[PDB]
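The chain that follows stands alone, in the form deposited without this ligand, written as structure tokens.
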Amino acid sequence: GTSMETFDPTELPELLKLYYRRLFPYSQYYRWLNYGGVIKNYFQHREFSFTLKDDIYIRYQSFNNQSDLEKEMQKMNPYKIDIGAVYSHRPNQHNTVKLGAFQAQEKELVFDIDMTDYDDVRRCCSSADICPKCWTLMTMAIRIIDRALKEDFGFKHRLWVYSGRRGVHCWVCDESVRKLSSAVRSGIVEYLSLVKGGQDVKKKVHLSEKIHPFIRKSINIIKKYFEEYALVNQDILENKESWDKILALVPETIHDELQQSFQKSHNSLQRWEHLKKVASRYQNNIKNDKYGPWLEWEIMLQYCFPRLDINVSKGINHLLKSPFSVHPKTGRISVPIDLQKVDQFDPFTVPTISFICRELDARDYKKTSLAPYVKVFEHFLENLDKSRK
């Protein structure tokens, strides 16, 4: 695959200047972080962090209103913009605050799903690269996590954003969610988590006998993709070097039976069908006479289910890349992802700052390929607006 790295980043300053002057959607961005103006000082107490040239960054930047933010962004033309928590005081006054009183109080619940966490189950790309094959992992992650957040937790205001390179972020923005404690956020991650363990750990998925609906519904999403993704594109049972990795996920007592059936068959599709049958006949507990799909599902989960960094989601003060910021090393915009078109999302066609600046002079983002992504954002804002009395 490819890491999408910009070959010549010396173009970035003049492109950023144009982007921040004419294309960055300031009015919509402020409408987001002002949250209807119904909490006093909510925008003014938000931390922003700007990264400049040479990875030099400034923390605890804050702004009075939309005009202020516009002017500072156009003055500093940052390479990166990170959004942090809403604080007890204006961040840009935190040094006037007596020690201990400056506290992060609220922030969106965020997830950060990164392709490198799947390195142990990708056959297509080296660690730093992505390709059209492994991007399906992100498609599944979005569907699995968005459905749970929406249906199981009742979170209504969920913004999925491209990372600009190798992953996706989710911003959960409900007012009740912004107030949740670190402990509660950790509990949400634990509910959503099924793949656990480092490279130290060979088998990373262990299912209980009793199936919770979250596991069933997640498996059912994976099943829509698994044949094309895992058996065709990844070809996970192509040969012994690869199918041995799967046998390491199932009891040793069925390896020989599976080894021999893998050698008699000719493709990953056939070999998966044998695995499902042998697995469904394994007696997990010599006591009872109960059989089922747990091994099959554990394999599918280990290969297809997202890995969730609990630190990202539990920290109230965590800085995360801003929607509509520019990835300095790829040029790609951190665009919102239309959930209704998740299967059509291609990171390789996400607008770059170079591309949309060329479109601009050939007035407004509506003249450019950024426009449909602003409309996705606007729908998210409309749903937030509808929720307020």
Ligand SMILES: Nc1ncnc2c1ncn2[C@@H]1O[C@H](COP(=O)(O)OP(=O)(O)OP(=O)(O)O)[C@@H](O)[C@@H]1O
Contents of the next structure:
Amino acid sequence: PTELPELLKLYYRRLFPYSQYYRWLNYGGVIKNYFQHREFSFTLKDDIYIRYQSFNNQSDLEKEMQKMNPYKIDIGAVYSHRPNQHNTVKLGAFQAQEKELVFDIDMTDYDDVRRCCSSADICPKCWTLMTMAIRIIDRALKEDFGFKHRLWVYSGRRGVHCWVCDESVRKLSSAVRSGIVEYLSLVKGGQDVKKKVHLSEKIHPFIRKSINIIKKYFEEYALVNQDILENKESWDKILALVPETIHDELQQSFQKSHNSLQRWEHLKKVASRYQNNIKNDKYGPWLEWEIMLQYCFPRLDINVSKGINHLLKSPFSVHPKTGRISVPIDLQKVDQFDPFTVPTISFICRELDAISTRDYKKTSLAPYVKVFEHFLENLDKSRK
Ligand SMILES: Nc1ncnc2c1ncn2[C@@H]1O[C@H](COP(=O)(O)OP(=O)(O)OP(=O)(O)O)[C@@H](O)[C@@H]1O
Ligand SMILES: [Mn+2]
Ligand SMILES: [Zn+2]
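Next up, can you give the form solved in complex with this ligand of this protein, since the form deposited without this ligand came first?
Full assembly next; the chain just shown is listed first.
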């Protein structure tokens, strides 16, 4: 904590990838005042922050960042005027106009289905949730919606962010954004609700494909690492998600079995023989899927995404509570992403001057900048 000022000064002077950052938020300079009308919000010492900050170009941003040395950096929306001049504008005229479509996934939202961590804690046993969350959401954005430019970022403590930056996506309204969220959402209800997933008879392709993703991980994550069917205290939470008329049949089988794998197979067979609708003789795995979805499907903080003017932490900003750097995630190596090897600001400041040019390529931050650059090159191609 007390070390942050001098470390931040070195970080913002020799390590922050300014050229790549400007390339991103300038979007080729094709539109006028697109970067000049962008809100940045800097958090300083003592939880003090300033909103409606904007800059004229890359140089002006470098000088202001090296002058303020903010603990945290938030990106806002592109406004109708210079945010830093918003007080000169007549009331009602200053309006948010465009912003990337953003998603924020917090591991805390899985506390009800996590047996290893709680609150802002994370560990390798439960990080697979984020692995599934990236694969499920990113597929839907890419394949179902046609979005081509998606930057996934480690938030620095307990989850991940996604920046969808296609120029028409940046123009979407709040209504369409919330509609996209609704399309993507399946786990609904707070701690009040016991069963948070309910499927229809007809399965929409989105649901099928997400389930097929979860099936690739469910054994190692849920039945081994989490051991969701370890004892009665654990498998009673799953029995709370199925009808009561099959509790007894499962209770016995679980006690006769010895581990979660066997008990899960019993659950699948029993659930597939349960008769939902007495009119027809139709049976299926709806319950099986509802359980898997309730334990593995992305839980999206809905309000982050519907608001055009919502602030989100900038990539390559530091998390002031962990010292970690918000780094992009290599989509080609999503399963191998290890949040516990993400460098802290102290670590890369050490690597810079550690004896065995003086920039980020001399540290462990480089490969993450390469991920960011591949993202930027795809954007450049889309413009040509
Ligand atoms: N006080 C605040 N005012 C305005 N925006 C705020 C804010 N505190 C946070 N935000 C914005 O919400 C994003 C998500 O919050 P959180 O999930 O707690 O932080 P994070 O950046 O995702 O990092 P983690 O702790 O989740 O890993 C913030 O990024 C943004 O500032
Ligand atoms: Mn978050
Ligand atoms: Zn954990």
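Rigid core: the largest C-alpha set superposing within 1.5 Å between the two forms. Numbering follows the first chain given and starts at 1.
After superposition on the rigid core, the Cα atom of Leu308 is displaced by 1.4 Å between these two forms. Taking the core as the reference frame, the CA atom of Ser126 shifts 2.4 angstrom between these two forms.
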